[PDB]
Amino acid sequence: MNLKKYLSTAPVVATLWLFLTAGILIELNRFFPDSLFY
Amino acid sequence: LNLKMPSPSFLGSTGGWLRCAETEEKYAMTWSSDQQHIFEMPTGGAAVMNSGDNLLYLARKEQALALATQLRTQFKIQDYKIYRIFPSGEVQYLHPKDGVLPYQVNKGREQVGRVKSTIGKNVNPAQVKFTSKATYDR
Amino acid sequence: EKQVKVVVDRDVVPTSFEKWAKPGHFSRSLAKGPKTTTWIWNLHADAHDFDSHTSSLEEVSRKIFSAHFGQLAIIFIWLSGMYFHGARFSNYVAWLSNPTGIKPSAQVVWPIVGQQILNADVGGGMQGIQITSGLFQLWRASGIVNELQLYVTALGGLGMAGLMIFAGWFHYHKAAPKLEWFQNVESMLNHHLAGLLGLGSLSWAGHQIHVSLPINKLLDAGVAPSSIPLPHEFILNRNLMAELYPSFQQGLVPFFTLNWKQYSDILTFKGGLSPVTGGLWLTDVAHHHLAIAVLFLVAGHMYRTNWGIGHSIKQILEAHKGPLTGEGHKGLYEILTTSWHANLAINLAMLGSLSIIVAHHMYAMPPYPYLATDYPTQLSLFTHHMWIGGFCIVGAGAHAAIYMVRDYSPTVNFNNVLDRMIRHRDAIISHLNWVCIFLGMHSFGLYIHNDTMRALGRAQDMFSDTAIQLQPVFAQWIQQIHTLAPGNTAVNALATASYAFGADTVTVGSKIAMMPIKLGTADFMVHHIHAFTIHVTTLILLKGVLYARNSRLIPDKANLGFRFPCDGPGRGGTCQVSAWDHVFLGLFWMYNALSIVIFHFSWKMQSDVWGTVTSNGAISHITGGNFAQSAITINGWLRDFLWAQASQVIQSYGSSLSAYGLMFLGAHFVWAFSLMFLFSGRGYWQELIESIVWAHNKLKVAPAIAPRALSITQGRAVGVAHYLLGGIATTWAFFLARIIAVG
Amino acid sequence: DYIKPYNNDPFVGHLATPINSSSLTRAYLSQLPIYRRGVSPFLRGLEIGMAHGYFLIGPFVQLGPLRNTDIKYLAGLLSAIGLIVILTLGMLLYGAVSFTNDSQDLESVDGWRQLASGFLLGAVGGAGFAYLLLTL
Amino acid sequence: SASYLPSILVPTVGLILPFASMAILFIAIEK
Amino acid sequence: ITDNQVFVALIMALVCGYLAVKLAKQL
Amino acid sequence: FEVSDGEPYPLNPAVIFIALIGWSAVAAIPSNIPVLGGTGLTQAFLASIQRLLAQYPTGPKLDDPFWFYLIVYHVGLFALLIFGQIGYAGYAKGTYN
Amino acid sequence: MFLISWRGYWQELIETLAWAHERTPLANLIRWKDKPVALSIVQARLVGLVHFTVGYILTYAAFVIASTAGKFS
Amino acid sequence: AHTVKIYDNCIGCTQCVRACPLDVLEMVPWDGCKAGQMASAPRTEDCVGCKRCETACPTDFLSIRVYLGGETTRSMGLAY
Ligand code: CLA
Ligand code: CLA
Ligand code: CLA
Ligand code: CLA
Ligand code: CLA
Ligand code: CLA
Ligand code: CLA
Ligand code: CLA
Ligand SMILES: CCCCCCCCCCCCCCCC(=O)OC[C@H](COP(=O)(O)OC[C@@H](O)CO)OC(=O)CCCCCCCCCCCCCCC
Ligand SMILES: CC1=C(/C=C/C(C)=C\C=C\C(C)=C\C=C\C=C(C)\C=C/C=C(C)/C=C/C2=C(C)CCCC2(C)C)C(C)(C)CCC1
Ligand code: SF4
Ligand code: SF4
Ligand code: SF4
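Protein chains in written order, with the UniProt record's numbering: chain A, 1 to 38; chain B, 2 to 139; chain C, 6 to 748; chain D, 3 to 138; chain E, 2 to 32; chain F, 2 to 28; chain G, 56 to 152; chain H, 660 to 732; chain I, 2 to 81.
Looking at chain A on its own, in the form it has when it is part of the complex:
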C-alpha cells in the first residue's frame, strides 16, 4: 500500500504540476487582467 510512490509517478506529478501552473496563470489573469507590456 505505497500510495505515495504512485502519486509520485510521471502522469500524476505532471498533471498536478501543470494544474498548479495553469491555476497560477488563471488567478494572475483575473486579478491582473489584460496584462500587456508589463
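Source of the hints: derived by calculation from the structure; they are not laboratory data.
Check before you lean on any hint, since a few could be wrong.
Claimed, not checked - Pairs of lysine-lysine residues, derived as DSS-like cross-links and limited to a Cα-Cα distance of at most 30 Å, are as follows:
1) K179/C to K4/A
2) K705/C to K27/C
3) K108/B to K6/I
4) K10/C to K319/C
5) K27/C to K5/A
6) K6/D to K82/B
7) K108/B to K35/I
8) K116/G to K6/D
9) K26/F to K32/E
10) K32/E to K23/F
11) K24/C to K4/A
12) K27/B to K6/I
13) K82/B to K5/B
14) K703/C to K122/B
15) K694/H to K32/E
16) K319/C to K7/C
17) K5/A to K179/C
18) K6/I to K82/B
19) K5/B to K77/B
20) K319/C to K116/G
Starting from the known structure of chain A, fit chains B, C, D, E, F, G, H and I with the ligands onto it as the hints suggest.
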C-alpha cells in the same frame, strides 16, 4: 515423388494454386502422421491429415514451408519433405535438402555468401562506380 | 441438463496500492523497466487488452465484468453531471414557460480571459452556451417541471455511480465469479430480454402513464409548470387521473378482464405528431413501451435455464444445416462462449447499427416535445448518433479480425459457415470489389458528368429533373404506400407513422416540424453515393477479417499477430498488410461515408424540411429548394453547401458563436497535423531524434529513457486519430454554428 | 455437399458450385460462339461481332449527345462503328504480342487475326442491321 | 486564317495520335 | 498570317519533327 | 438436372404446383379493407392484372394498386416455393435437415 | 490515396482480382502478359507525391487566376 | 534475386535461420566462434526480402544483410 500418395481430406477452397502453377513451378509437401489431426491449410481453411501418408500441392515455397512450420509446432511431426515440380514433370528436392533441419548445424554444408570482416569495412559506392562490383564485394 | 448456479471466489485479489507504483505490472515485458520511450506508449496500448495479460479465460472474464462496472459508474457520473448542470446552471424553468422562444442552455462560462462573451443571450434571464443535446426536451417529456427534481435526479445518479464503483471493486477483490459463470448465455439472454429490456420498458411505460402523460397533458393545455400537481399527487389522488383520463375510473379491473379496449384514453395509436409540440403523442409512446415490454418479456422465456422448459442455443445452431452449408452453424456456440472478442464484434456491429437506426427514426419522428422546432438539437442528435454508430461498426470489424487472428480454432471451425466462408474468401472479396467499382462509377461518375455538362453549358444533357431524370421510383413508391397505410393497412392507426413519408406538414411556433421529404434525382444520386461508400468501407473491413489469418502474399499472418507493422520490403512490399491496418484504412472510409451521410441530412433538411411558415401557410426554407438543382453537382456541393453555409462559422467572431469559429480553425490544424503522421515514416524521425539526442549529449542533459520515434503501427494510429478528430471537429463546429446562427 | 473442388481434386484455386458448374451452366457456357466445337475463328468472330454491335448501337443512339436531333440514329451508328474499330485495334494488339507463329487454333497470330477480322465484320454488320431496324 | 486546320488537327492529335502512339508503345514494351 | 504562311510553318515543323525523330532514334 | 458437378438434384413440378395452390388459397381469404376491397389479395391481384391488360401498351404507374398486390403476392408465393423445396428435398428426398 | 494507404492492402486486392479474372468464363482467353502487381513502396510515394503536387499547383492556379479575373473584370 | 551476405561478426546463434520463412539460410561448420557454426545463404534464389532474418539477428549491427536487387517471380511472392 510418389505422386499417388494419399492427400489430406480437403473440401476445395478458392485459395489453391491457379493456372500459373500448371505452366510454372508447383510445390508439393509430403509428410507422414499417425493421428488424423486437423490443421489449418495455408490457403485458408481446415483439413484433416489422413493417418499414414499425406501429400498436397501448393503454388509457393513459402506456403509449403509455413505449413511445415505449423505441422512441426502444432504437432510433433518432423518428417516433412517439400519438393518442387516443373511443367516438364521433373521433381526437385527442396526441403530439407539434406535430411537435417536448416538451423541444425550439419557437416558437408559449404558456406555461401560470406564477407570478410564487419560491414563497416565495405567500400564506398564512389570507389566501385562504372564497374560490375558492389560494396559488399571484397 | 446443466445447473445454472452461481459460484464465486472470495478475496481472490487483494486491495492494495502496491501494484499502483509499478506501471506495466500487468505485462511481463513492461514490468522489466522502460529502457526506451516506446515503453510509455506500449503501457497504454496494452492496458485494456486483458487477453494479452493472462492466458486464462476466467481472469479475463473477471477483468471485463469489472471495468464494465467502472464504465457504468463513469456513465452515471456523466448523467449526474448533466442533471446537476440543468438544475444549477440552466434556464430550464424559463424554457418550460416559453419553449419556442427560449434557447436551451446549461453551461455558464467563467469571466477570465474575455471568454464571458460565449454566454449567449439564450433568454430566460441567464446567459450561457446553447446546448444542442436535447436535455431540455428529454426532461420535459419525462415530466420534470422544477429544478428540485433535477437536483434529486443528479444526487441519485451520483449514488448509482458509487454503487457501480463498489460493485466493480467487489466483483474483483471480494467475490469474483468463476468461468462457469459468464458462460451461461441462456440465462444471461433470458434476464437481459425480460429484465434489463422487458422490465425496463415496462417500468418506463408505467412512469409515462403515471407521470409523463398527465404532466405533459396539463402543460399542453396552457397550465403553468408551477401550478401543475406534483407527480406523486396523480398517484395518491386517483380523482385527478380520472379527470384527465376517464379510463382510470375503471382502474386495473379492465386489464385483468381482458377489456383492454377501455384503455383508449391512455393507450392510443394515433400515429402522428402532436400539433401543439410537434412530437409524438405521449399516449402512443406509452402504449409502444407497454407493447415492447410485453413482447420482450415473452421473448425472455425462450432459452432453457435450470429447468426442463426452454431452448438450447447450441441445439438450435446445430439444427440449422443445409446442402450449401455442410455443417451449418455447428461450433458457433463454443465460439461465442470461449472468446469475448467474437461477442464484442457481434455486439459492436449491432450496437452501431442500432445507433444509426436511432438517428434516422429520431429525426423523422421527433419523439420528444419541441424537439423538431429546435433544429440545432435535431441536427446535433442525428449527426451524433450517426457518428457513434459508424465508430461502433468499425470497432465491430476490428474485433472480428482480432478474434480471427487470436481466438480462431480449425477444429471448432470445421466445414461450418465460418470455415466455408474462409475457403471462398477470394470470391467474396473479388465480387465485392467489383460491386464497389460499379457503385463508385455509377454514383460519383454521375456527379462528375453533371459537373462537366454544367461547365460546358450543356445543361440539357444532365442527370436532373429537367434533363435526364433518375427518379427513385421504388423509394417514392414506398413513401406513397406509407402515406396510404393509415387507412388500408393500419386500420387502427389514425395517421401515418412519419409525416416525412407524406400526409400533411406540421408547424409549431411558426416553424416547420415535419413535412414530406420528397425524393428526386439529387436524392437518387446521393443515396447511391451512400451505398457506394458503405460498400467500400465494408469491403475493407471484410477483407481485413477474412485474410486476418493468412493470404496468398503472407501465408502465416496469424503467427505475426493482429497488430504488426509489416513483413518487410519483400514480395514487392508488405506494408499495412495486418488486419489492424485494414481497420486503420476502414476508419478513413467510414469517416468519408459518414461525413457524406451527415452532409446529405444537413443540406436536405435545411433546404426541404427545416424552415419558417408565414401566416396563411406560406413556407420558406433556410435554403429555398436549392438542393434540387445544387446537390446534383460537386460544384454545387462546394458553393451552395460548403461555401454558402460556412459564412456563419467564419463570421462568428465577435459574438457568442466565436468559440465555434475558433474550434473550426483548431480542427483544421489538427486535421492538417494528422497528415504529418500519415505521409511520413519512423525511420526519418528516428534519425532526427538521433541528431537531437547528440545535441543533448553535448550538454550532459540526455535522458536515461532512450528517446525513440513512434512505432510504425503507433504512427499510423496517431495519424488516423488526428485525421478523424480534426475532420469530425470541423464538421461539428460547422454544423453547430450554421444551425445556431440561422434556424 | 453441393460445393466441391472444381476437378474433384482439392488444393485447386476453384470450387464447383451450382452456377459455377452445372448441367445448365455447362451447356450454356458451351455452344457459345467461343468454346463451341467445330467452329473456325472467323465464324466465331463474325457471330460475336454481330451480337456485340447490335447492342452497342443502342446506348449511343438513345443517350448520345445528338439523341434529340434528326440524325440521332446515324450519329449513334457512327459512334458504335468507331468504338468497334477501337475494340478491333485492341484485339489485334493483344494477338500481336500474346501469340506467336503456330497452327491456326485461335491461340496463334493467324487465328486471332481471323477472329479479329470476323469480330469487326460482324460488329459493323450488326450495328448496320440495328440501325436499319430503328429507321424502319 | 485556315479555319479548317484546327478542326483537322485537334481530333488527330487528340484521338489519332494518342491511340496510334499507345498501340506502337504497347507493341514495343510487350515485344 | 495567310493560309500559305501557315502551311509553310507546318512544313518546317514537319522537318523539325523528322530531325527530332532521327536524333532520338540515334540516342 | 445436376445442381453442382456430378451430384444430382431432385426437381419436382409438384412442388411448384402445391406452393402455387397453397399460396393462392391462403391469399384468397376475403378481407374487408380498402386496398383489397373486401376480397382476398389473389382475387384483387388478378383483377388488377385484367385491368392493366386491357390497356396493354400503358403500364401501371407509381400510384397504381397493382404494385402492392404484386409485391405481396410474390413475397408469399416465393416464400412457399423456397420453403416447399426445402421441405421436399430436405425431408421427402432425404437430404436431411 | 497513395500517401495514406501503403503497399500490402493493394497486393492482396490484386491477388483477389487475379483470381477473379482467371476464374471467370468467356474472359479466360485474355491472359495478362505481365503479372499484375501493386505499386511499389517507393513508386507509391512518388505517385502520391505527384498527385498531391499536381493538385496543389492546379488548385492554387485556378484560384488565383479566377479571383484576380472576376475581382477586376 | 536478392543478395544475402553473412559477415564475420556472426555468432552462430541460428536465429536468422530459424526466422527465415523460405529456407534460404542454413548453418554450416565454422571456427570463428565457440558455437562452431556460421549462417549461410545457399538458396538466395528463393529469398523475397522480408528481412525476417535481419530482424532476428542479435549482433550489434546485423551480421546478415539482405540487398534487394533483381526481382523475379519467387522474390515477388506471387502465387498467381
Ligand atoms: C411496471 C409498470 C407499472 C407500475 C409500476 C404501475 C403502478 C401503479 N399503477 Mg399502473 N398501469 C400500467 C403500468 C404500471 N402501473 C399499465 C401498462 C397500465 C395500462 C395502461 C396501467 C394502468 C393503471 C390504472 C388504470 C391504474 C393504475 C394504478 C397504479 C397504482 C396502483 C395499482 C393498484 O394496485 O390499484 C388497484 C386497482 C384495482 C381496481 C384492483 C383490481 C381488482 C379490485 C380489487 C376489484 C374488486 C372491487 C373492489 C370493491 C374495488 C373497486 C374498484 C373500482 C371502483 C375501480 C400503482 C402505483 C391505479 C392508480 O392508483 O391510479 C393512480 C389505477 O387506477 N395503473
Ligand atoms: C412458407 C410456407 C411454408 C412453411 C413456413 C413451411 C414450414 C415447414 N415445413 Mg413445409 N412445405 C411448403 C411450405 C412451407 N413449409 C410447401 C409449399 C410444400 C410443398 C412442396 C412443403 C412441403 C414440406 C415437406 C415434405 C415437409 C415440410 C416440412 C416443414 C417443417 C420443417 C422445417 C422447415 O421446413 O423450415 C421452417 C421451420 C419453421 C419453424 C418456420 C420458421 C419460419 C421463420 C421464423 C419465419 C418465416 C417467414 C416467412 C419467410 C414469411 C413468408 C411470407 C408469408 C406471407 C408466406 C416446417 C415447420 C417437413 C415437416 O413436415 O417437418 C418434419 C417436411 O417433411 N414441408
Ligand atoms: C491550483 C492553483 C491555484 C492558486 C495558486 C490559487 C490561488 C488563490 N485562489 Mg484559487 N482556485 C483554484 C486554484 C488556485 N487558486 C481552483 C482549481 C479553483 C476551483 C476552480 C479555485 C477557486 C477559487 C475561489 C472560489 C477563490 C479562489 C481564491 C484564491 C486566492 C485567495 C487567497 C489564497 O491564498 O488562497 C489560496 C487558494 C488556493 C491555493 C487554491 C485552493 C482552492 C480550494 C480547493 C478552494 C476552492 C473550493 C471550491 C469552491 C469548492 C471545492 C473545490 C474542489 C477542488 C475541492 C488566491 C491567491 C479566492 C479569491 O478570489 O481571492 C479573493 C476565491 O474566492 N480560488
Ligand atoms: C433481470 C436480471 C439482470 C439485469 C436487470 C441485468 C442488467 C445488466 N447486466 Mg447482467 N446478468 C444477469 C442478470 C441481469 N443483468 C445474470 C443472471 C447473469 C449471469 C448469467 C448476468 C451476467 C452479466 C454480465 C457478464 C454482464 C452483465 C451486464 C449487465 C448490464 C449491461 C450494461 C447496460 O446495458 O447498461 C444498463 C444499466 C442499467 C440500466 C442500470 C441498472 C443497474 C441495476 C443495478 C440493475 C442490475 C441488477 C443486477 C443484475 C442484480 C443485482 C444484484 C444484487 C445482489 C444487488 C446491465 C445493468 C454487463 C455489465 O455491464 O457488467 C457490469 C456484463 O458484463 N450481466
Ligand atoms: C465497447 C467498445 C469497445 C471496447 C470494449 C473495445 C476494447 C478493446 N479494443 Mg477496440 N475499438 C472500438 C471499440 C471498443 N474496443 C472502436 C469503436 C474502434 C474503432 C475506432 C476500435 C478499434 C480498435 C483497434 C484498432 C484496436 C482495439 C483494441 C482493443 C483492445 C485493447 C484496447 C487498448 O488497450 O488500447 C488502449 C486505448 C488507448 C491508448 C486510448 C486511445 C485514445 C484514442 C485516440 C481515442 C481518443 C478519443 C478522445 C475523444 C479524443 C479527444 C480528446 C483529446 C483532445 C485528449 C480492447 C479489448 C486493440 C487490440 O485489440 O489490441 C491488439 C486494437 O488494436 N480497438
Ligand atoms: C498542420 C500540419 C503540420 C504541422 C502543424 C506541422 C508541424 C511541424 N512539423 Mg510537419 N509535416 C506535415 C504537416 C505539419 N507539420 C506534413 C503533411 C508533412 C509531410 C509528411 C510534414 C513533414 C515534416 C517533416 C519531415 C518534419 C516536420 C517537422 C515539423 C515541426 C517543425 C518544427 C516546429 O515548427 O515546431 C513547432 C511546433 C509546432 C508548430 C506545433 C504547435 C505546438 C503544439 C500545438 C503545442 C503542444 C500541444 C498543446 C499543449 C495542445 C494539446 C493539448 C493536449 C491535452 C491534447 C513542427 C512541429 C520537422 C521537425 O521535426 O522539426 C524539428 C521535420 O523534420 N514535418
Ligand atoms: C460513370 C458515370 C457516368 C455515366 C453513367 C454516364 C452516362 C452518360 N454519359 Mg457521361 N461522363 C462521365 C461519366 C458518366 N457518364 C464522366 C466522368 C465524364 C467526364 C470525363 C463524362 C462526360 C460525358 C460527355 C462529354 C458526354 C457524356 C454523355 C453520356 C450519355 C451517353 C454516353 C454514351 O453514349 O456512352 C456509351 C455506352 C456504352 C457503349 C455501353 C454502356 C455499358 C452497357 C450499357 C452495360 C451493360 C451491362 C449488362 C447489364 C451486363 C449483363 C449482360 C449479360 C449477362 C448478357 C450517358 C447517359 C454524352 C451526353 O450527351 O450526355 C447525355 C456526352 O456527350 N458523358
Ligand atoms: C482528346 C480528343 C477528343 C476529341 C477530338 C473528342 C471528340 C468527341 N467526343 Mg470525346 N472524350 C475525350 C477526348 C476527345 N473527344 C476524352 C479524353 C474523354 C474521356 C474523359 C472523352 C469522353 C467523351 C464522352 C463520354 C463523349 C465524347 C463525345 C465526343 C464527340 C462529341 C461531339 C458532339 O457533341 O456531337 C456528336 C457526334 C457524333 C455522335 C458523331 C460520332 C463521330 C464518331 C465518334 C467519330 C467517327 C469514328 C469512325 C467511325 C471510326 C474511324 C473511321 C473508320 C471508318 C475506320 C466528339 C466527336 C460524345 C460522343 O458523342 O461520343 C461518340 C460522348 O458521349 N467524349
Ligand atoms: C434470389 C432471391 C433473393 C433476392 C436477393 C436479395 C436477397 C437478400 C439476401 C442476401 C443473400 C442473397 C440470397 C442468395 C443466397 C442464399 O440464400 O442462398 C441459399 C443458401 C442458404 O441455404 P442453405 O441450404 O445453406 O441453408 C442452411 C443454412 O442457411 C442454415 O440456416 O445460402 C448459401 O449457402 C449461399 C450464400 C450466398 C451465395 C452468394 C450470393 C451473394 C450475392 C449477394 C447479393 C445478393 C443480391 C443483392 C440484391 C440484388
Ligand atoms: C442480362 C439479361 C438478359 C439478357 C438477354 C439478351 C442480351 C438477349 C439477346 C440478344 C442479342 C444481344 C442479340 C443480338 C443480335 C443481332 C442479330 C440477331 C443480328 C443480325 C443479322 C444480320 C442482318 C447480319 C448482317 C451482316 C451484314 C450486314 C454483313 C456483315 C456480316 C453480318 C452477318 C453481321 C436476360 C433476359 C437473359 C436475363 C435478364 C437480363
Ligand atoms: S518499413 Fe514501412 S514501408 Fe517499409 S516494409 Fe515496413 S511498413 Fe512497409
Ligand atoms: S530476407 Fe526473409 S526470405 Fe530472405 S533470407 Fe532473410 S528471412 Fe529469409
Ligand atoms: S546472422 Fe545473426 S541470427 Fe544468424 S547466426 Fe549470425 S548472429 Fe545469429
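For each hint, the structure was consulted:
no. : hint             : verdict
1   : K179/C to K4/A   : holds (25 Å)
2   : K705/C to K27/C  : holds (28 Å)
3   : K108/B to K6/I   : holds (21 Å)
4   : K10/C to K319/C  : holds (19 Å)
5   : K27/C to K5/A    : holds (9 Å)
6   : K6/D to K82/B    : holds (28 Å)
7   : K108/B to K35/I  : holds (16 Å)
8   : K116/G to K6/D   : violated (46 Å)
9   : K26/F to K32/E   : holds (17 Å)
10  : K32/E to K23/F   : holds (22 Å)
11  : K24/C to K4/A    : holds (12 Å)
12  : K27/B to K6/I    : holds (28 Å)
13  : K82/B to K5/B    : holds (15 Å)
14  : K703/C to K122/B : holds (28 Å)
15  : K694/H to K32/E  : holds (15 Å)
16  : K319/C to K7/C   : holds (13 Å)
17  : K5/A to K179/C   : holds (25 Å)
18  : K6/I to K82/B    : holds (27 Å)
19  : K5/B to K77/B    : holds (25 Å)
20  : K319/C to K116/G : violated (49 Å)
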